[PDB]
Structure formats: C-alpha cells, structure tokens
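A.B. asks: One letter stands for each residue in the lines below.
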Amino acid sequence: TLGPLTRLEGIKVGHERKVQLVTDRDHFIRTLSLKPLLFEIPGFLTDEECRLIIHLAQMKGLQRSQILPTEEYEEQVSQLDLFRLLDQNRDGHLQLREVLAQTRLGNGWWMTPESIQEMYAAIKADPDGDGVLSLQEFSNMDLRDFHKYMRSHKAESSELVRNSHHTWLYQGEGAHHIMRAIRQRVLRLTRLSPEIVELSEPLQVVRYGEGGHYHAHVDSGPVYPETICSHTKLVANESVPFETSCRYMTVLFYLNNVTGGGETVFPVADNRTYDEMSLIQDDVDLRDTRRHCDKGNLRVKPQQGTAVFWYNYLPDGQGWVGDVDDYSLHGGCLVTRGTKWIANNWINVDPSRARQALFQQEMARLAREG
Amino acid sequence: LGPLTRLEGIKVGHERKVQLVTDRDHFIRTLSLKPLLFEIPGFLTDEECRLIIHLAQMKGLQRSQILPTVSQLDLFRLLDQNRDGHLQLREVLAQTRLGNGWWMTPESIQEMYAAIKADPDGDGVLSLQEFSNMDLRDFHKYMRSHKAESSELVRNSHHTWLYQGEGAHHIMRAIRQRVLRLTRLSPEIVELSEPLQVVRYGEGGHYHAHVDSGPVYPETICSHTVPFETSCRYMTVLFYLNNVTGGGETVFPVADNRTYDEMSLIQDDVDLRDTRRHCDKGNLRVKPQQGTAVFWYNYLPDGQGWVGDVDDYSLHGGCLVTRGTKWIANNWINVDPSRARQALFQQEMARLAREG
Ligand SMILES: *[C@@H]1O[C@H](CO)[C@@H](O[C@@H]2O[C@H](CO)[C@@H](O[C@@H]3O[C@H](CO[C@H]4O[C@H](CO[C@H]5O[C@H](CO)[C@@H](O)[C@H](O)[C@@H]5O[C@H]5O[C@H](CO)[C@@H](O)[C@H](O)[C@@H]5O)[C@@H](O)[C@H](O[C@H]5O[C@H](CO)[C@@H](O)[C@H](O)[C@@H]5O)[C@@H]4O)[C@@H](O)[C@H](O[C@H]4O[C@H](CO)[C@@H](O)[C@H](O)[C@@H]4O[C@H]4O[C@H](CO)[C@@H](O)[C@H](O)[C@@H]4O[C@@H]4O[C@H](CO)[C@@H](O)[C@H](O)[C@@H]4O)[C@@H]3O)[C@H](O)[C@H]2NC(C)=O)[C@H](O)[C@H]1NC(C)=O
Ligand SMILES: *[C@@H]1O[C@H](CO)[C@@H](O[C@@H]2O[C@H](CO)[C@@H](O[C@@H]3O[C@H](CO[C@H]4O[C@H](CO[C@H]5O[C@H](CO)[C@@H](O)[C@H](O)[C@@H]5O[C@H]5O[C@H](CO)[C@@H](O)[C@H](O)[C@@H]5O)[C@@H](O)[C@H](O[C@H]5O[C@H](CO)[C@@H](O)[C@H](O)[C@@H]5O)[C@@H]4O)[C@@H](O)[C@H](O[C@H]4O[C@H](CO)[C@@H](O)[C@H](O)[C@@H]4O[C@H]4O[C@H](CO)[C@@H](O)[C@H](O)[C@@H]4O[C@H]4O[C@H](CO)[C@@H](O)[C@H](O)[C@@H]4O)[C@@H]3O)[C@H](O)[C@H]2NC(C)=O)[C@H](O)[C@H]1NC(C)=O
Ligand SMILES: *[C@@H]1O[C@H](CO)[C@@H](O[C@@H]2O[C@H](CO)[C@@H](O)[C@H](O)[C@H]2NC(C)=O)[C@H](O)[C@H]1NC(C)=O
Ligand SMILES: *[C@@H]1O[C@H](CO)[C@@H](O[C@@H]2O[C@H](CO)[C@@H](O)[C@H](O)[C@H]2NC(C)=O)[C@H](O)[C@H]1NC(C)=O
Ligand SMILES: O=C(O)CNC(=O)C(=O)O
Ligand SMILES: O=C(O)CNC(=O)C(=O)O
Ligand SMILES: [Ca+2]
Ligand SMILES: [Ca+2]
Ligand SMILES: [Ca+2]
Ligand SMILES: [Ca+2]
Ligand SMILES: [Cl-]
Ligand SMILES: [Cl-]
Ligand SMILES: [Fe+2]
Ligand SMILES: [Fe+2]
Numbered sequence: 107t108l109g110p111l112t113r114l115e116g117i118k119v120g121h122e123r124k125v126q127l128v129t130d131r132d133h134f135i136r137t138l139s140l141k142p143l144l145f146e147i148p149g150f151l152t153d154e155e156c157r158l159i160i161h162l163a164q165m166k167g168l169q170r171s172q173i174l175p176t177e178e179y180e181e187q188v189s190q191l192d193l194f195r196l197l198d199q200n201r202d203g204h205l206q207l208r209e210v211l212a213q214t215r216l217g218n219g220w221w222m223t224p225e226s227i228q229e230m231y232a233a234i235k236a237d238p239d240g241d242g243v244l245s246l247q248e249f250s251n252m253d254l255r256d257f258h259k260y261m262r263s264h265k266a267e268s269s270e271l272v273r274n275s276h277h278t279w280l281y282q283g284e285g286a287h288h289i290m291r292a293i294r295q296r297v298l299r300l301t302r303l304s305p306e307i308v309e310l311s312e313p314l315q316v317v318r319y320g321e322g323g324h325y326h327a328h329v330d331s332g333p334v335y336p337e338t339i340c341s342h343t344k345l346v347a348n349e350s351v352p353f354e355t356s357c358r359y360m361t362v363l364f365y366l367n368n369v370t371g372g373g374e375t376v377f378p379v380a381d382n383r384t385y386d387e388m389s390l391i392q393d394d395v396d397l398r399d400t401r402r403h404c405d406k407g408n409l410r411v412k413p414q415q416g417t418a419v420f421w422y423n424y425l426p427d428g429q430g431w432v433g434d435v436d437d438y439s440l441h442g443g444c445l446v447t448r449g450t451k452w453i454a455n456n457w458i459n460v461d462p463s464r465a466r467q468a469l470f471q472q473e474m475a476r477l478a479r480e481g
Numbered sequence: 108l109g110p111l112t113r114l115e116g117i118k119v120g121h122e123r124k125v126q127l128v129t130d131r132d133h134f135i136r137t138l139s140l141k142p143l144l145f146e147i148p149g150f151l152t153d154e155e156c157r158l159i160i161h162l163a164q165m166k167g168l169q170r171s172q173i174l175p176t188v189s190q191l192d193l194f195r196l197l198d199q200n201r202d203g204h205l206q207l208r209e210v211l212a213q214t215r216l217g218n219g220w221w222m223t224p225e226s227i228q229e230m231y232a233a234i235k236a237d238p239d240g241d242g243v244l245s246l247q248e249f250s251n252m253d254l255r256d257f258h259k260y261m262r263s264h265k266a267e268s269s270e271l272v273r274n275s276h277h278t279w280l281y282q283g284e285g286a287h288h289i290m291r292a293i294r295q296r297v298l299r300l301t302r303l304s305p306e307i308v309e310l311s312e313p314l315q316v317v318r319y320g321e322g323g324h325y326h327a328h329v330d331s332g333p334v335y336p337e338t339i340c341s342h343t351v352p353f354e355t356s357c358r359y360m361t362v363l364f365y366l367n368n369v370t371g372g373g374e375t376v377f378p379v380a381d382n383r384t385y386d387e388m389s390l391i392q393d394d395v396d397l398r399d400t401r402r403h404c405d406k407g408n409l410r411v412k413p414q415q416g417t418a419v420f421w422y423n424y425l426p427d428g429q430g431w432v433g434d435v436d437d438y439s440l441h442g443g444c445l446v447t448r449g450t451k452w453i454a455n456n457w458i459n460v461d462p463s464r465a466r467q468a469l470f471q472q473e474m475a476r477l478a479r480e481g
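Note that the protein sequences, when read in sequence, are chains A and B. Positions 107 to 181, 187 to 481 (the entry's author numbering) are the ones given, in order, by the first sequence. Positions 108 to 176, 188 to 343, 351 to 481 (the entry's author numbering) are the ones given, in order, by the second sequence.
Hint data in this document are derived by calculation from the structure and do not stem from the laboratory. Just to be clear, a hint being listed does not mean it is correct.
[What the hints assert, rightly or not] Below, a list of computed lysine to any residue pairs in the SDA-like style, where the Cα atoms sit at most 20 Å apart:
no., chain 1, residue 1, chain 2, residue 2
1, A, 265, A, 180
2, A, 235, A, 284
3, A, 265, B, 167
4, A, 166, A, 248
5, A, 235, B, 158
6, B, 406, B, 417
7, A, 344, A, 229
8, B, 118, B, 140
9, A, 344, A, 108
10, A, 166, B, 158
11, A, 118, A, 141
12, A, 166, B, 415
13, B, 265, B, 305
14, A, 235, B, 152
15, A, 259, B, 278
16, B, 235, A, 356
17, B, 166, A, 148
18, A, 235, B, 264
19, A, 166, B, 264
20, B, 235, B, 259
21, B, 166, A, 230
22, A, 118, A, 148
23, B, 265, A, 152
24, A, 166, A, 148
25, B, 235, A, 119
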C-alpha cells in the first residue's frame with residue numbers, strides 16, 4: 107500500500123496553468139492532447155543546463171542506439192499458423208500492410224513496402240509481382256530462403272527502427288549539482304513519491320545526427336499478470352521471460368534547436384478512435400517517421416529548454432496503473448539539417464502495486480544494510 | 108601504343124546509333140561536354156541487372172566507407199583563401215579532408231565551434247584573433263570523441279566487387295566485351311582495369327560530390343600499376366541496376382557550366398557538393414533507369430592522344446535515396462597518365478599470361 111498515483115488533469119487542449127518549479131521564475135504547463143495525456147513546458151531547462159547535459163554526454167561517449175541486426179527473428188509456429196496470424200482480414204492473402212504490421216519479423220530492420228517487395232523479388236516469393244502473397248505463394252516458398260536473406264542483409268542505420276546514438280547520466284548523490292537539481296525539478300513537476308522518481312532509469316541523452324530518426328513506438332509493453340519490469344527485478348541482469356519496460360511517464364527535454372526536421376510526432380494524438388487498419392496501409396504507414404511525419408495528428412517542434420511529458424498508461428480506476436495507452440504512440444522525425452539533442456527521464460512504476468511496494472521498501476533496506 | 112579514342116559529344120542532345128549486340132540497336136545520347144558525358148538506354152537487359160544484384164548479394168556487401176578512428191598561422195593563411203583575415207564557413211568547408219571522413223556542413227562546423235567555444239560572437243566566422251585564441255588539441259579530441267551516423271559520412275553505402283576475367287560468369291565477361299566495343303579501347307586497357315563494383319544505396323544513402331581520379335604530378339603512381354599513390358580512372362561507366370522509387374539521382378553539379386569556380390561551388394549557405402541537401406540545385410541530374418548506362422571521361426585530352434589533367438567538371442555524386450533501394454554497378458577504365466608506365470605494365474602482364 108503506497109497511496110494513489112498523481113495524474114495531472116489535462117482539462118482541455120490548450121489549457122495553460124502556472125506552476126512553480128524554481129523560486130526564480132514562473133513556468134506554464136500547456137496541455138497538448140488528452141489521448142495521450144501530453145503536456146508541454148517552455149523553458150523547463152535553462153540554456154546553460156542544456157549545454158551541460160550535452161557536454162556531460164559527449165565526455166562520457168555515445169554508442170549506437172540500436173545494433174545492426176545480423177539475423178532473422180526468433181521467439187514455435189508452423190508455417191501456416193504464421194499465415195493465419197498475419198492474415199488479419201482473413202481473405203487468404205497477405206497484403207503489404209499485414210506484413211508491415213509485424214515489424215518484429217524484421218528483427219530490428221524497419222520494413223517498408225519497397226523493402227518487402229525487394230526481398231520478395233530476391234527470394235522469388237511473389238511470382239506475379241503484385242506485392243501480395245496468396246496462400247499458395249506463401250506455402251510455395253521455403254522459409255530457409257527468407258532466413259538466408261536476413262542473415263546476409265547489409266544495410267545502414269537509416270533502415271533501422273531506431274537510428275541515433277545515446278548514453279546515460281547519473282543524477283543521485285555524487286553527481287553534478289545541476290544534474291541533481293533537474294531531478295528535483297522533475298520530482299516537483301510530476302508530484303510523485305521521491306522513492307519512485309529516485310529509483311527510475313538514469314537520464315538518457317540521445318543524439319540524432321543529420322539523417323537520424325526513430326520510427327513510432329510506445330515506451331512500455333503490455334500488462335499481463337505475469338509481465339516482469341526490469342527496474343523492479345531483483346537480478347541486475349537477466350534475459351528472463353516477460354521482461355518489459357514499465358515506464359509510467361516519459362519526460363522529454365529538447366537540448367537544442369534543430370535547424371531542420373527533428374520533430375516528435377504523435378501520429379494518433381486525440382484521434383477519435385485507434386485503428387491499426389488505418390494506421391498501417393499499403394501506401395502510407397503512419398509509424399514511418401522518415402516519410403509520414405507530415406500526416407500525423409500532432410507534432411512537437413524541438414525548442415531548446417522545452418520539456419514535454421506524457422503518461423504511457425491509462426488509469427486503472429483505483430489510483431494505480433492501467434493498460435498501456437495506445438495513443439501514446441510517438442516517434443522521432445527525420446532530421447534534415449544539423450543534429451538533434453534530447454534527453455528523457457523515464458518514471459518507472461510497476462503495474463502491480465504490491466510488487467512495486469516490495470521493491471521500494473527493500474531498496475531502502477539495502478541502503479541501511481550497505 | 109595507339110592514341111586513346113575519345114568519343115565526340117558534338118553537342119548536347121546529339122544521339123547516334125551504335126551496335127554493341129547483334130540483337131538490337133543502342134543509342135548514345137550526349138548529356139554534356141563538360142564533362143564529356145553520354146547516356147545509353149537499355150545497355151543491360153533486365154535479366155543482367157537482376158543477375159548482377161543477385162551475384163553481389165551472395166558475395167556479401169561491405170560498408171563502403173569505414174568510420175574514422188604545421189602551425190596555426192600555417193593553417194590560417196592556407197584556409198583564408200580570400201585573404202580577408204577571417205575564416206568564413208565556406209573556407210572551412212572547402213577543405214573536407216579536415217573532417218577526416220566525416221562530411222562537414224555549416225551546422226556541424228558551428229556545432230563544433232560551440233562545443234569547444236571557438237566562436238564567442240557566434241557569427242560563424244573565425245577571426246584571426248578567434249583562430250589563435252584557439253588550441254588544436256581540443257579540436258583534435260572533439261574529433262577523437264565524435265560518433266555519428268553513416269549519413270554524416272562522405273560516402274554512405276555498401277558495396278563489393280565482381281570479377282570479369284577468364285573463368286567468370288558468362289554473362290559477366292559478355293558485359294566486359296560490350297563495354298570494350300562501346301569505349302573503342304585496347305583490350306589490354308579494359309581487361310587490366312579494376313573489377314566491376316556493385317553498390318547498394320539503402321534508403322537514406324548518399325555519396326557527396328567528388329571526382330573519380332586524383333591530380334596529375336610526375337610523382338604519382340597508379341594503384342592498378351605507396352607515396353602519393355592515387356587512382357587513375359580514364360573513364361567511368363555507370364550501370365543503373367534498378368528503378369529507384371524515390372531520389373537516388375546522379376548529380377553533376379557544374380555540368381556544362383560556363384566556368385568552374387569553387388567560390389560559387391562552396392558558399393556559406395549552399396554547398397553544391399552536398400548530395401543530401403542541394404541535388405536540386407546542380408546543373409544536371411540523371412534519373413536511374415534500370416538497364417541504362419551512363420559513362421564519362423574523368424580527364425581532359427593532352428593534345429597528343431594521351432591523358433591530360435583531371436576534368437574538374439566531372440564532379441559528381443549520388444543523391445539522397447528517399448524511397449526504397451538504389452543498386453548500381455560501375456566499371457572503371459584505368460589508364461596510366463604516363464604512357465611509358467602504361468606500356469611497360471601491360472607488356473609485362475603479357476609475360477605472366479604466356480609464362481603461365
Ligand atoms: C557557372 O558559370 C557562371 C557563369 O560563368 C559563374 O558565375 C560567375 O560566378 C562568379 C563567382 O560567383 C561571379 O563573380 C562575381 O561578380 C561580381 C560582379 O557581379 C556582376 O558583374 C558581372 C560582370 O559584369 C559585366 O560584364 C558583362 C559581360 O561579361 C556585361 O554583360 C555586364 O553588363 C557587366 O558590364 C559592365 O561591367 C564591365 C566590367 O566588368 C564593363 O566593361 C562594361 O562596360 C559594363 O560597365 C555580371 O556578369 C553579373 O551578372 C550576373 O550575376 C548576378 C549575380 O549572380 C546575377 O544576378 C545577374 O543576373 C547576372 O547573371 C553581375 O551583374 C563581383 O563583384 C564578384 O566579386 C566579388 O566576389 C569574388 C568571389 O569570387 C571576389 O573575388 C571579389 O573580390 C568580390 O568580393 C566581394 O564580394 C563578395 C560577395 O559578393 C564577398 O565574399 C567578398 O568578401 C567581397 O566583399 C565585399 O566587401 C566590400 C567591403 O568590404 C564591398 O565593397 C563589396 O561590395 C562586397 O560587399 C564576383 O567576381 C560572376 O558574376 C558569375 N557570372 C555570371 C555570368 O553569372 C558560376 O560561378 C559558375 N558556377 C560554378 C560552380 O563555378
Ligand atoms: C482516427 O479517427 C477516425 C475517425 O474515428 C478514423 O476513421 C475511421 O476509420 C475507419 C477505418 O479506416 C473507417 O471505417 C470505414 O468506413 C467505411 C464506410 O465509410 C463511410 O461511412 C462512415 C460511417 O458512416 C455513417 O454514419 C455516420 C454516423 O456514424 C453518419 O454521419 C454518416 O452520414 C454515415 O451515414 C449512414 O450510414 C449509417 C450506417 O452506417 C446509417 O445509420 C445512417 O442513417 C446513414 O445512412 C463514414 O464515417 C465515412 O466518412 C468518411 O470518409 C468519407 C470518404 O470515404 C468522407 O467523405 C467523410 O467525411 C468521412 O471522413 C464514410 O462515408 C467502410 O466501408 C470501411 O470498411 C471496410 O474496411 C474495413 C477496414 O478498413 C473493414 O473492416 C470492412 O470490412 C470493409 O472492408 C473492405 O474495404 C476495404 C477498403 O478497400 C478493403 O481493403 C477490404 O478488403 C474490405 O473489402 C471489401 O469491400 C470493398 C468495398 O467496401 C471492396 O472493394 C472489396 O472488393 C471487398 O469486397 C470502414 O469500416 C471509418 O469510416 C472512419 N471514420 C471517419 C469518421 O473517418 C481513423 O481510422 C482513426 N485513425 C487511426 C490511425 O486510428
Ligand atoms: C532556440 O530557438 C528559440 C525559438 O526562437 C529561441 O527563443 C527565443 O528568443 C528568446 C531568447 O532567449 C527566448 O526567450 C524566446 O522564448 C524565443 N523566442 C520565441 C518567439 O519563442 C532561442 O533563443 C533559441 N536558442 C538558441 C540557443 O539558439
Ligand atoms: C523502369 O522505369 C522505366 C521508365 O519509367 C520503364 O520503362 C518504360 O517501359 C514501358 C514498357 O515496359 C514503356 O511502355 C514505357 O514507355 C517506358 N518508359 C520510358 C520513360 O522509357 C521500365 O519498364 C521500368 N522497369 C521496371 C522493372 O519497373
Ligand atoms: O526523439 C524524439 O523526439 C522521440 N523520443 C523518444 O522516442 C524517446 O527517446 O523516448
Ligand atoms: O551513386 C551514384 O549515382 C554516383 N556514383 C559514384 O559516384 C561512383 O560510384 O563512382
Ligand atoms: Ca489479408
Ligand atoms: Ca502474388
Ligand atoms: Ca576568409
Ligand atoms: Ca567570430
Ligand atoms: Cl482532465
Ligand atoms: Cl550504417
Ligand atoms: Fe520513446
Ligand atoms: Fe564516383
């Protein structure tokens with residue numbers, strides 16, 4: 107028993123409220139959407155603090171955000192059971208949008224209509240070349256040929272799901288006083304318990320170079336009664352079943368002005384319904400943030416010092432964490448000129464209140480013991 | 108040996124019939140005279156483009172460019199090309215070798231200035247004051263620590279090589295013979311030049327504008343024949366292996382331009398060598414068409430039938446691919462600018478054929 111989780115009311119799109127986060131000046135929280143519940147705070151960071159974060163990130167050294175895949179995907188399905196899973200509309204034919212909807216099949220590579228049809232042509236999977244695999248065409252191909260194509264596929268990071276470099280910065284005791292003042296500022300903003308905030312993932316600093324992108328995704332995975340949160344798991348490192356990120360909130364800081372592109376897109380923000388049938392189509396995949404940013408419902412233009420933040424889950428009706436909010440779908444749009452620097456604070460809450468409770472009060476046990 | 112046959116462009120748009128296979132007719136169309144640039148539609152069948160792609164895929168492609176690992191007043195006056203006591207952005211951009219494999223942009227230079235705080239006033243210009251209040255260590259370690267994407271490199275693609283000599287696939291050397299009849303050159307020169315290069319440009323790939331051969335000095339050595354070793358490619362023959370859904374043109378930024386002037390080529394706001402940003406501003410673009418071959422001369426004549434200086438107008442690059450993939454193959458014809466070296470080289474190679 108920890109008490110109800112604070113969830114800020116969006117009230118309506120465009121609602122601005124004064125908030126006091128620093129004694130010096132006033133800040134203003136603007137509601138950008140309700141689905142997902144998404145806010146914006148101009149000037150959350152000073153120009154000096156942005157430049158400090160970048161420099162601390164550069165001094166540590168960045169690494170490729172996503173490893174270049176070397177293989178096909180692995181997870187027990189017979190070939191036809193895979194067909195039945197892919198054929199959403201059950202017409203005996205795999206349309207491009209149905210293949211596109213299973214991006215995990217790319218095993219890290221981002222699939223496009225062109226990349227799919229180029230693979231079809233290489234392994235001769237589509238004899239009549241219409242972009243559709245009928246049941247006969249699907250059953251007529253040896254999946255070993257598909258595997259061999261994935262094993263030898265050589266492509267650039269612009270063909271990945273995630274195309275950026277990043278690192279992490281500590282914010283607890285023993286860190287630069289500015290890095291710790293920022294954590295206290297996030298704590299004062301989200302009005303969550305100090306335990307929750309100071310136990311979440313360290314600050315991630317991301318550099319998008321000219322040409323970088325991050326196709327649209329959600330920050331936290333589904334909630335089953337057996338899913339396991341990495342932040343709450345006793346073992347420092349594992350490759351367990353059901354491991355997932357349990358990020359209650361995402362706080363995103365724009366560390367610089369971007370000369371061209373680089374927006375954050377929420378493709379279905381405040382859309383009346385959420386329908387993957389129109390999200391992913393043969394001609395337009397709204398998750399592609401290299402091609403179709405301009406068609407998403409809402410974009411946030413990077414502005415130095417601005418923080419945007421949003422909840423990744425719905426409420427559950429009792430003050431804790433509900434299902435994931437499908438509308439929190441978001442990506443990093445293609446950077447056309449210059450580099451884009453951002454930082455994100457993820458607030459971790461286990462969807463099981465009892466499991467989170469055992470993680471907090473024992474993380475305090477070890478501070479006393481150690 | 109005999110004088111190198113150099114085809115006559117006549118005028119832009121001039122089209123002449125040529126017979127390279129006995130099946131059909133080909134047509135050589137002049138695209139420009141500076142550089143001397145031709146286009147032949149349907150040079151390759153749709154089946155041979157599919158075979159070249161299929162062959163390269165099996166061999167496996169490698170990343171085309173690997174990511175990188188005197189005084190200051192010697193350096194300042196060497197870059198201050200207009201001698202105005204300032205380093206304009208265009209003057210830093212003019213020396214891409216300083217990027218050491220990274221492509222420099224106005225935004226990347228100004229990003230680096232602010233990192234090491236070289237520009238207090240932030241106007242983008244490095245005064246002599248600002249440039250000596252500098253210290254080259256910091257700049258060196260900025261390049262030390264710089265990690266960036268392949269889209270920030272000069273060359274952003276993957277490639278491999280396919281052999282065309284004896285024992286190779288019968289379709290392959292049939293292309294080599296077709297190239298020979300097209301160029302009207304000595305079988306010694308063609309069959310002793312580099313193997314065919316197959317390049318894959320992924321979506322988001324590019325190759326910034328460059329020339330295919332280094333300058334001519336009495337002390338340069340051709341790799342096909351290490352102090353100042355450079356590539357001596359007399360001709361470049363480029364094959365388009367697929368239709369490209371978006372972008373991926375070959376740009377010749379200064380084709381048939383009245384003069385060649387790097388002051389207008391590289392400016393503070395527009396670098397015409399940048400094939401990610403400014404392809405639409407170049408003089409001439411070739412749209413990839415499956416089967417089409419384009420070819421051009423990288424050197425000027427010398428007036429005596431051999432190889433002159435580099436043709437600056439041959440500057441060219443691969444434009445950003447916006448949708449899909451772009452596959453091309455290119456044949457490089459190597460000729461030694463010193464005819465004496467080229468003569469001894471192919472006559473000696475004749476030894477190891479009849480000796481073997
Ligand atoms: C592809 O091919 C094209 C064509 O070949 C080529 O373009 C040429 O590029 C050059 C480089 O960019 C251009 O060079 C300019 O020219 C300006 C002057 O501009 C004009 O005059 C041209 C010549 O005019 C005459 O002759 C014609 C016949 O040839 C005739 O028809 C005309 O009527 C005109 O006639 C008169 O003058 C004659 C004497 O010249 C006389 O005999 C006659 O009786 C009559 O009185 C003219 O052709 C131009 O017209 C074109 O261009 C403009 C602008 O592009 C168009 O709008 C227009 O429609 C025309 O198409 C134009 O009218 C020079 O001032 C300039 O020199 C500056 O820059 C160079 C850099 O190269 C420096 O070396 C030089 O020192 C000087 O520097 C200053 O200025 C620059 C910024 O401009 C700064 O960077 C410097 O720091 C310096 O700064 C200054 O600071 C001072 C104070 O501190 C201050 O005092 C200064 O004002 C300034 O602020 C340079 O030479 C050339 O014009 C282009 N030619 C054409 C035809 O376009 C491309 O470059 C090629 N592409 C590539 C990639 O190579
Ligand atoms: C963000 O939010 C958006 C809004 O919520 C959301 O958009 C919604 O998207 C879905 C899915 O993309 C759309 O669903 C489609 O609707 C089509 C019908 O289109 C018309 O009708 C609807 C509903 O209309 C009535 O009701 C309202 C009130 O509710 C009234 O105001 C209207 O006047 C209208 O009135 C009458 O009808 C009522 C009964 O329905 C009566 O009660 C009443 O009295 C009236 O008589 C309208 O809203 C539509 O308007 C929109 O579009 C038109 C232009 O098209 C605009 O002018 C207009 O302004 C609106 O913007 C429209 O008029 C269905 O046909 C369609 O069904 C097919 O596809 C789905 C999946 O996509 C399948 O489940 C389904 O089985 C159908 O399958 C076929 O067709 C596809 C298409 O090719 C095939 O690929 C497929 O294989 C299948 O094939 C078969 O049929 C084909 C022909 O049908 C044939 O060619 C084949 O050969 C094969 O045989 C689908 O249900 C929905 O309309 C959108 N709503 C709106 C408001 O836009 C969006 O998705 C959200 N975004 C994201 C990312 O989630
Ligand atoms: C980044 O861009 C913003 C947007 O223009 C700049 O903000 C402007 O000017 C003052 C200067 O601090 C700010 O208080 C305003 O909020 C901004 N103007 C508007 C209209 O919003 C900001 O200065 C830029 N930062 C850098 C480092 O270039
Ligand atoms: C690649 O594109 C070219 C040009 O769009 C296609 O060529 C045309 O070929 C058809 C016959 O198949 C002619 O009817 C058109 O007139 C041609 N157009 C031009 C501009 O020459 C070519 O078929 C395409 N190849 C592939 C494999 O898609
Ligand atoms: O880079 C952007 O604008 C989008 N950011 C993210 O998806 C993230 O790192 O959580
Ligand atoms: O990609 C293109 O069209 C340009 N190609 C080249 O510059 C080359 O490989 O020599
Ligand atoms: Ca189907
Ligand atoms: Ca088919
Ligand atoms: Ca200068
Ligand atoms: Ca300055
Ligand atoms: Cl509300
Ligand atoms: Cl890469
Ligand atoms: Fe994200
Ligand atoms: Fe080239």
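A.B. asks: Now, for every hint given, state plainly whether the structure supports it.
C.D. replies: Against the structure, the hints come out as follows:
About 19 Å separates the Cα atoms of residue 265/A and residue 180/A, which keeps this hinted pair within 20 Å; it holds. Of the supplied pair hints, the one linking residue 235/A and residue 284/A is violated, its CA atoms being roughly 59 Å apart against a limit of 20 Å. Note on residue 265/A and residue 167/B: the hinted pairing holds, with a Cα-Cα distance of about 8 Å set against a maximum of 20 Å. Between residue 166/A and residue 248/A, the direct Cα distance comes to roughly 51 Å. Violation of the 20 Å bound is thereby established for this hinted pair.
Taking the CA atoms of residue 235/A and residue 158/B, the gap is about 13 Å. The hint holds against a cut of 20 Å. Taking the CA atoms of residue 406/B and residue 417/B, the gap is about 23 Å. The hint is violated against a cut of 20 Å. Proposed proximity of residue 344/A and residue 229/A is contradicted: the alpha carbons are some 42 Å apart, above 20 Å. Only pairs whose Cα atoms come within 20 Å are accepted, and residue 118/B paired with residue 140/B is accepted, the gap being roughly 7 Å.
The straight-line distance between the Cα atoms of residue 344/A and residue 108/A is roughly 18 Å, inside the 20 Å bound, and the hint therefore holds. Straight-line distance between C-alpha atoms of residue 166/A and residue 158/B comes to about 47 Å, which puts the hinted pair past the 20 Å bound. Among the hinted pairs, residue 118/A with residue 141/A is consistent with the structure: their alpha-carbon atoms are about 11 Å apart, no more than 20 Å. Restraint check for residue 166/A and residue 415/B: the C-alpha separation of about 47 Å exceeds 20 Å, so the hint is violated.
At most 20 Å may separate the alpha-carbon atoms for a hinted pair to count; residue 265/B and residue 305/B exceed this at roughly 46 Å. A threshold of 20 Å between alpha carbons decides the hint, and for residue 235/A with residue 152/B the separation of about 18 Å falls inside it, so the pair holds. This hinted pair checks out: residue 259/A and residue 278/B have alpha carbons roughly 18 Å apart, not beyond 20 Å. Taken as a hint, the residue 235/B and residue 356/A pair is broken in the structure, with Cα atoms around 39 Å apart against an allowance of 20 Å.
About 53 Å separates the Cα atoms of residue 166/B and residue 148/A, which puts this hinted pair outside 20 Å; it is violated. Between residue 235/A and residue 264/B the CA atoms are separated by roughly 42 Å; this puts the pair beyond 20 Å, and the hint is violated. Restraint check for residue 166/A and residue 264/B: satisfied, since their Cα atoms lie roughly 11 Å apart, inside the 20 Å limit. At most 20 Å may separate the alpha-carbon atoms for a hinted pair to count; residue 235/B and residue 259/B meet this at roughly 14 Å.
With a CA separation close to 17 Å, the supplied pair residue 166/B and residue 230/A stays within the 20 Å bound. Under the criterion of a C-alpha separation no larger than 20 Å, the hint pairing residue 118/A with residue 148/A is consistent with the structure, at around 18 Å. Between residue 265/B and residue 152/A, the direct Cα distance comes to roughly 26 Å. Violation of the 20 Å bound is thereby established for this hinted pair. A distance of roughly 28 Å separates the Cα atoms of residue 166/A and residue 148/A; the hinted pair therefore is violated under the 20 Å criterion.
Only pairs whose Cα atoms come within 20 Å are accepted, and residue 235/B paired with residue 119/A is rejected, the gap being roughly 41 Å.
In terms of the numbered hints stated before, the structure departs from hints 2, 4, 6, 7, 10, 12, 13, 16, 17, 18, 23, 24, 25, listed from lowest to highest.
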